[PDB]
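Participant: Dock chains U, V, Z, X, Y and S with the ligands against the given chain T, drawing on the hints supplied.
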Amino acid sequence: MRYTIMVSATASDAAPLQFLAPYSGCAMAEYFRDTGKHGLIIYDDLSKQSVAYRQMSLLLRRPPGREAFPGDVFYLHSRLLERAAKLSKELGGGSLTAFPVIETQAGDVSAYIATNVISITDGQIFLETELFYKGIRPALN
Amino acid sequence: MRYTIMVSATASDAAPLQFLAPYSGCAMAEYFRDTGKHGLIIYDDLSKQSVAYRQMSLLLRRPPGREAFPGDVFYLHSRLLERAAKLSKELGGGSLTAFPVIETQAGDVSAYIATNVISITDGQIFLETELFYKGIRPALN
Amino acid sequence: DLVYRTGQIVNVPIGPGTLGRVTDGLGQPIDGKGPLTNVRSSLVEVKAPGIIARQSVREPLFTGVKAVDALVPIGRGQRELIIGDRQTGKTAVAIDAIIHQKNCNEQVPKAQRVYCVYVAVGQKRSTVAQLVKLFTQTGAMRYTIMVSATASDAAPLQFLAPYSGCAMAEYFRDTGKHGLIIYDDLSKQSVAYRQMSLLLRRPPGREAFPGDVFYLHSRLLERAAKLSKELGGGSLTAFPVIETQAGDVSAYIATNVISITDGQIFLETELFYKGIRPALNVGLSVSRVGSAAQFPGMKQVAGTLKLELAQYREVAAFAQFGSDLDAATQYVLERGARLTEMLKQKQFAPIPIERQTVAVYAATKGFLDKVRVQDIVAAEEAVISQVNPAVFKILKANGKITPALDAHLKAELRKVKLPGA
Amino acid sequence: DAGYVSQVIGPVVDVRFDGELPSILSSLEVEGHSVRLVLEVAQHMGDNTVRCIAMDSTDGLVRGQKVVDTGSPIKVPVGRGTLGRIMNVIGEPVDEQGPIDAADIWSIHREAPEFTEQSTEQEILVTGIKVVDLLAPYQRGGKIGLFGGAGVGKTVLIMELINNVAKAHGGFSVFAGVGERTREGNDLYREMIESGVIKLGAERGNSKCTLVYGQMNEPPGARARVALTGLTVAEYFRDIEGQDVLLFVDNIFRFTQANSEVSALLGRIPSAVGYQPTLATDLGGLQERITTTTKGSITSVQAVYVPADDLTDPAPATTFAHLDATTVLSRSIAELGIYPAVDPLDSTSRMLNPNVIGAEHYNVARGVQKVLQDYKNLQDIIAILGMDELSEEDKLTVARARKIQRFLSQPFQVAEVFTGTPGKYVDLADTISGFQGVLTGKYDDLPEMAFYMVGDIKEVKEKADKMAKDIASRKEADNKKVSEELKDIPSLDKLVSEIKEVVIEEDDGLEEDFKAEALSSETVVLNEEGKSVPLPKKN
Amino acid sequence: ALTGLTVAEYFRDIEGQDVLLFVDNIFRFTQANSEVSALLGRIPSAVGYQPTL
Amino acid sequence: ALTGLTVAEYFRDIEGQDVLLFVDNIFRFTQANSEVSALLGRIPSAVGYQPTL
Amino acid sequence: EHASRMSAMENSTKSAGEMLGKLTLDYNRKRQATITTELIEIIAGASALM
Ligand SMILES: Nc1ncnc2c1ncn2[C@@H]1O[C@H](COP(=O)(O)OP(=O)(O)OP(=O)(O)O)[C@@H](O)[C@H]1O
Ligand SMILES: Nc1ncnc2c1ncn2[C@@H]1O[C@H](COP(=O)(O)OP(=O)(O)O)[C@@H](O)[C@H]1O
Ligand SMILES: [Mg+2]
Ligand SMILES: [Mg+2]
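Chains as they are written, first to last, in the entry's author numbering: chain T, 282 to 422; chain U, 282 to 422; chain V, 142 to 562; chain Z, 36 to 574; chain X, 262 to 314; chain Y, 262 to 314; chain S, 266 to 315.
This is chain T alone, in the form it adopts within the complex:
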């Protein structure tokens, strides 16, 4: 915690606060990206940001799409995860590394929000539930 910021929007917080905390956390980590230093960010459960954002869209009476998600739920995570960059030498050389976390349901990586972030992020660390109950931990697929 000497080097860590903790941006918490829990389950009791309002849905616009859970929608905003990935962006609030990314602005705090973009301070280190822009001043030549290096940053790590973990948005634990971007699955839960999109559900908080789906709540704001359906309460704004906006027309829903796949799994009642708004049409801009791709742009929700796309706008956020593009800010994790490695800057050039003329911009300082700083960097921000993102680790978005997505919880699937029954191994379904072909869900809507899951496949949205697979097409945003560079890599993928797929953690398997059959390897996890066999004691193989970290249960890397």
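Honestly, I wouldn't trust all of these hints.
With a Cα cut of at most 27 Å, we get these calculated DSSO-like pairs of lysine-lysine [to be verified]:
id : chain 1 : residue 1 : chain 2 : residue 2
1  : V       : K556      : Z       : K522
2  : V       : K551      : Z       : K405
3  : V       : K511      : V       : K558
4  : Z       : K330      : V       : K551
5  : Z       : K496      : Z       : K430
6  : V       : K511      : V       : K415
7  : V       : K537      : V       : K506
8  : V       : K556      : V       : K506
9  : V       : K506      : Z       : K529
10 : Z       : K202      : Z       : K330
11 : Z       : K498      : V       : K440
12 : Z       : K566      : Z       : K550
13 : V       : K558      : V       : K534
14 : Z       : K515      : Z       : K496
15 : V       : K551      : Z       : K522
16 : Z       : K550      : V       : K370
17 : Z       : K477      : Z       : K459
18 : Z       : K405      : Z       : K504
19 : Z       : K510      : Z       : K498
20 : V       : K415      : V       : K370
21 : V       : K541      : Z       : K529
22 : Z       : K493      : Z       : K504
23 : V       : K440      : Z       : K459
24 : Z       : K504      : V       : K551
25 : V       : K188      : Z       : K101
26 : V       : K447      : Z       : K566
27 : V       : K534      : Z       : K566
28 : V       : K506      : Z       : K510
29 : Z       : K498      : Z       : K477
30 : V       : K188      : Z       : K550
31 : V       : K506      : Z       : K515
32 : V       : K556      : Z       : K516
33 : V       : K541      : V       : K447
34 : T       : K329      : S       : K279
35 : S       : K279      : S       : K295
36 : V       : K506      : Z       : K501
37 : V       : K558      : Z       : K522
38 : V       : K370      : Z       : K234
39 : V       : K447      : Z       : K550
Just so you know, the hints here were simulated from the structure itself, not pulled from any lab data.
Facilitator: For chains U, V, Z, X, Y and S with the ligands alone, coordinates are given in the frame of chain T:
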């Protein structure tokens, strides 16, 4: 029909009358429960009351839910079926036992009205149509 | 801006001056050959002819596709749906129907000719220019109208092009001649009608379609009628094309047009990649006019073909065990497979109907039992190219395989050499 | 007094009445329309406006066009004067035999009779079909439904019912073609001229059938009320003339569908699968009128389209409860080639009580359903392994049930034009005995394809010896001089000279009669006087 | 369920105890909040639950 | 996707030569119009897309 | 042969239990997607009128 009442809201009757016929028959049946006698009530096609209540709700511009049923269609059947009780001995000790009849579609008891009435009642009598033609009549699964 | 009313419900030029031309969905020609000359402006939404105005569908309409002139026969005046998935042969079956009419219009009198209308809704201009290049190279353009509301056109133009194309094709029906309209992607017309209706704020229904998307398609398709002899006796034959998604014919527009049309030519994407081309699913394909409007002679041999393919389908899902010989199922497991590879056909080459019924005669009577299953498409060439070509001349004129012919052509299929020994 | 059109959205018109609105269900006549356009008031909108459904098309309606109230609902001709005629939804003749004689002019809108005038008398209707008369017998006086998807044979089965039941019937018949193809309404008409059911011209009173047609081309206002028009013709024969009527309704699914095509434009938020919120009540109010009262009898046969073979769809599933005998037709049975494709374990009748048809008919019906459900339970193995692991206990119940499936198949008189086999009418006493025999074992040695497409149990033995004759025909019929070139046929070089060479004109005869019209290249619009001027260069 | 919490929250915050709160069928708490969102006209989320699930 | 097309259309129409247009995810043209049309006051089509897809 | 048939049907009951396990998960996705699709079409039709 020395002991039977027949409350009949048929198909050409108005949809408020088919909605109101289970409640009208239960008030006739609650006379025996409240006077220390015992009643027995059969709501044949409780899945046809709910379609009649859906018709009045969508025409009164009430907000639809799943399968376009109103939000209070659980409250419709629960406030009808909880009137079937076994009263204590200080209230005469009378009773009323209900038999709602739900018609499923190809056995799908995960449909919306069938799910609601399964939650309310104290058990089902299933009647499969494969057991019906297998000679098992009554086809009680 | 100012909006002037024209006093006119929507019109298109119908007449004999439209034959050979490529027009858009409103009648303006897009082929760059000038205005339409020998035409008059008729309405676009015409009421369909009633019960008294019609007569029974008796004369056939030969497609040239062997799987449909035999199994799913089509009469002059019926509506045959071509339903299937994407890239399964729907346009190719319909194009072969148009090309074949050129091969048959030169051999019939003036009252027997069929004038085709191809309505291309929601396709590219690259695809339509490929068709006009094809219909000019064959020679089918002198009988064909091409009504083309492509994908860059407005959704009201793609909505109206089936009706505007039918009104052009109804000229030939109403004047005693015979028409053939092909509505390619009637699925893409309903998408254009859905768009045009959601923007007019008409409330959506199933798959956001309007409520009257059945009446969109029934009032179009019921205009394909075989008229009575008091009304000239003309006919219009519709071939609507509906595209399904992963074979799901339970979708909203597919179930509407299946229930409107008489027959259906169902094409599958798994039969297409087994080499069965045209990929006709013989079980699901129906024609509700039926063998009432079949070529006789073809009708004599199709009963042996429809029955043996019915047994060949139930013997399948037991055919994975060639160790398990039975020699009664194995008899029909190969006999139906002679028939299955009999019905294969290369595209843009329709066959005359008399050459088809001889090739079905050569496999229902067992002449091609000696050849292997893998070389029947070459054997059907050996049947056709080695018999006397006067067997086809008297079968077309007599109209049925006469008793003075089924013993002529019995020994004629014995003096041919079949590629199997 | 009169009203004027204020709004036209598709087939739905709002009409504004400055004082004295018409009642709901009232008929309005639009004055000045080219065809006779009739609107029926659906609802009162609220500001002296009614909302209507049009019985014909609305292209050509102008806002402000005068609309005359008739003070009554749609009124159709009823009586003997309509027999042998074809009527419209609005009672107009479309058969071109002149105007229709009117015993009375009845409204098409009515209430269902009452609970007190209901006839609780179940008596059998001998159809002549083996699978119908055995497993789901029809009631004389009751409501019959033929459920099936597209292309399983409901129109053929209702054509077989018309010439097996209504041909030998004392009362009259009404065929209400509700939203099907116009071609098969012309097929049904010409079938009944040549069969003598409809007699044209001066023998018109000797006709025994009234046709009401509301076919697929017509707008959803017409297809929703044409079942009510065809019912009114049958309700006049039942009430005023007091006789046994037959009402064949082709595709009662189209009544619910045509209400669904307008109901979103009537201001109703949608229900489930695409249907109106008033689905069971529109359908209920029609079907409660097709009843046998104490005055007369209406034996109704209703084809029901089942969308995409899905009996769980709410338009077939609501009309199950309105019927006495449901004849579910299956696509699975038709893929075997068995016709009529009646599903034996999905067709149900109220007549299958042993109190009504007797226990001797009841046990051969329940026994056939028992042996066919067992075969369905055994196809989990014998379509995977191959009928070798059953030890001849229930190998025999397969070959009993496989002969039963073909014995339920039957040739039709109306399917002679389709298939080359004659029609077979089976008596009820014959189909009990023929199906008791395969059930018990009186016919255990005949092959299974001798039962296919036969009349009765004398026709399976007349087919079995025909099969074992013509097996032996395939050993000498080929040579040794019976199919020679010289015996009974001419030569091939001569036959091409025999045939008359038809004359090909290669000029196709198109423009020799065509009266053209000059196309204006420039757009012709209307100015404020209404004069067709060029479109102005003001942009 | 909020009433059962508030009785249980007194034993935690004032009495200072370890409380057992038995919520019999938490699914019925979900579906009753799903009904009150449908009655307030809110557009439901995926499979039919309230947007604030 | 219209800006990059216009650059490719100039080399085709004016320069008159064969060009290659690689468009990575032309779906994101369709998806972007579907985000805008929710706010342009439109009844949504099938799965949630714009009526003018 | 009976021991090989005992082992060929412990691999087949296993493989038809893993196939059924992947079919009930995919049906439950299509079950949930069907209710969301039916609901969105009912809300889009109610919002067009209200
Ligand atoms: N009988 C056939 N033999 C060989 N190839 C065929 C045959 N019929 C069609 N094809 C080819 O298969 C492909 C299928 O395209 P086709 O013209 O059938 O369009 P479609 O699949 O009906 O329509 P869409 O392009 O919308 O998917 C084409 O390449 C066509 O040339
Ligand atoms: N009894 C029968 N015998 C032979 N073929 C039949 C029979 N009934 C139906 N068919 C076939 O099925 C098709 C269905 O015809 P139809 O009854 O018009 O369909 P639908 O029931 O969908 O209206 C017919 O064209 C015919 O080819
Ligand atoms: Mg195509
Ligand atoms: Mg029909």
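Participant: Given the hinted pair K558 (chain V) and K534 (chain V), is their Cα-Cα distance within 27 Å?
Facilitator: holds (22 Å)
Participant: Can you confirm whether the C-alpha distance between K515 (chain Z) and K496 (chain Z) stays at or below 27 Å?
Facilitator: The hint is violated at about 32 Å.
Participant: Is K447 (chain V) close enough to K566 (chain Z), meaning Cα to Cα at most 27 Å?
Facilitator: Violated, because 64 Å separates the two Cα atoms, which is more than 27 Å.
Participant: Please work out if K541 (chain V) and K529 (chain Z) have their alpha carbons no farther apart than 27 Å.
Facilitator: holds (18 Å)
Participant: Check the hint pairing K506 (chain V) with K501 (chain Z) against an upper bound of 27 Å on the C-alpha distance.
Facilitator: Roughly 20 Å separates the two Cα atoms, so the pair holds.
Participant: Given the proposed pairing of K551 (chain V) with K522 (chain Z), does the C-alpha separation stay at or below 27 Å?
Facilitator: Holds. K551 (chain V) to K522 (chain Z) sits at ~14 Å (cutoff 27 Å).
Participant: Going straight from one Cα to the other, do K550 (chain Z) and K370 (chain V) come out at no more than 27 Å?
Facilitator: Holds - the C-alpha atoms of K370 (chain V) and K550 (chain Z) are around 22 Å apart, at most 27 Å.
Participant: Is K370 (chain V) close enough to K234 (chain Z), meaning Cα to Cα at most 27 Å?
Facilitator: holds (21 Å)
Participant: For the pair we were handed, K405 (chain Z) and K504 (chain Z), check the Cα-Cα distance against 27 Å.
Facilitator: Distance of about 34 Å is beyond 27 Å: violated.
Participant: Between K447 (chain V) and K550 (chain Z), is the straight-line Cα distance small enough, at 27 Å or below?
Facilitator: violated (48 Å)
Participant: Measure nothing beyond the straight line between the CA atoms of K440 (chain V) and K459 (chain Z); if it is 27 Å or shorter, mark the hint as holding.
Facilitator: With a Cα-Cα distance of about 23 Å, the restraint between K440 (chain V) and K459 (chain Z) holds, given a limit of 27 Å.
Participant: Taken at face value, is the distance from the CA of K430 (chain Z) to the CA of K496 (chain Z) at most 27 Å?
Facilitator: holds (23 Å)
When the structure is compared with the earlier hints, violations turn up for hints 2, 4, 14, 18, 20, 26, 27, 34 and 39 and for no others.
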